[PDB]
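As a plain string of letters, each chain reads:
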Amino acid sequence: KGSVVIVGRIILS
Amino acid sequence: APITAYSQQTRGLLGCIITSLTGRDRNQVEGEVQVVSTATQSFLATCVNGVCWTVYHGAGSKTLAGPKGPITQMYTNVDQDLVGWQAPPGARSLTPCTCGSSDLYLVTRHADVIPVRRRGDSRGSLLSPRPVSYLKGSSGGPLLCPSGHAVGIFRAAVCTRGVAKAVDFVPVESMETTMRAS
Ligand SMILES: COc1ccc2c(O[C@H]3C[C@H]4C(=O)N(C)CCCC/C=C\[C@@H]5C[C@@]5(C(=O)NS(=O)(=O)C5(C)CC5)NC(=O)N4C3)cc(-c3nc(C(C)C)cs3)nc2c1F
Ligand SMILES: [Zn+2]
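From first to last, the protein sequence lines are chains K and A.
In the authors' numbering, each residue carries its 1-based index in the first sequence increased by 219.
With the authors' numbering, letter number 61 in the second sequence gets 61, and the count goes up by one each step, no holes.
Think of the hints as simulated: they come from the structure by calculation, not from any bench.
Take every hint as true, because none was put in to throw you off.
Capping the alpha-carbon separation at 27 Å, the derived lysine-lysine pairs in DSS-like fashion look like this:
{"no.": "1", "chain 1": "A", "residue 1": "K136", "chain 2": "A", "residue 2": "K165"}
{"no.": "2", "chain 1": "A", "residue 1": "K136", "chain 2": "K", "residue 2": "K220"}
{"no.": "3", "chain 1": "A", "residue 1": "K68", "chain 2": "K", "residue 2": "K220"}
Ranges between beta-carbon positions, derived for each pair:
{"no.": "4", "chain 1": "K", "residue 1": "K220", "chain 2": "A", "residue 2": "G148", "range": "34 to 42 Å"}
{"no.": "5", "chain 1": "A", "residue 1": "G15", "chain 2": "K", "residue 2": "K220", "range": "12 to 20 Å"}
{"no.": "6", "chain 1": "A", "residue 1": "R26", "chain 2": "K", "residue 2": "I230", "range": "14 to 22 Å"}
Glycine included, each C-beta is placed from N, C-alpha and C at the ideal position.
Looking at chain K on its own, in the form it has when it is part of the complex:
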């Protein structure tokens, strides 16, 4: 049916 979508991110360091 639908796809998974990237609505954000978590940056590391």
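Following the hints, position chain A with the ligands against chain K.
Frame of chain K, contents of chain A with the ligands only:
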């Protein structure tokens, strides 16, 4: 913690739905962990060795909206609640821990780094117990060693009356085992 994290929301609700139906996401991708969503629910996905891994109970069968249309699951291991897609270009991948530490750090949906004490292959107890709501929505989030390397992805919790006392995760070794099944 020796590790820090911060979050950035890149899409809203309407654009999200839209992209879900087209399967085409041209937005630039950054970072090691992605905040991910279907219509109904939301959770994290972690990149390790070029693959984005998340939980099967959040994404089941589904493809991942990518810059050239939808991306098929490369890996689907229902037994371990694990799926994986090839990392969209831009996604910075983490690498597996080789040091064997027991001093872990779970990175959550709100960018909390929380200490976890390694107990088994797929298990670790929280040093400070949190509420469950503090953790809900972080499945597919990473467990990191002190040097910021990946040891597993967050799968589930063990808890009582709404307070989380320990975490279950897919060990990074099972991800390479799944990748060892052509
Ligand atoms: C190899 O051994 C395992 C181990 C656990 C498994 C398993 O666990 C569940 C148990 C349940 C649970 O622990 N409680 C309800 C109690 C405490 C809540 C702890 C807080 C956060 C938890 C990490 C977390 C989570 O954030 N989920 S989420 O992001 O909100 C989500 C629903 C959008 C995906 N996950 C989580 O809470 N849970 C995961 C589920 C599934 C599958 N589920 C399905 C479908 C049909 C639902 C197919 S297979 N397989 C599992 C499995 F194979
Ligand atoms: Zn390490």
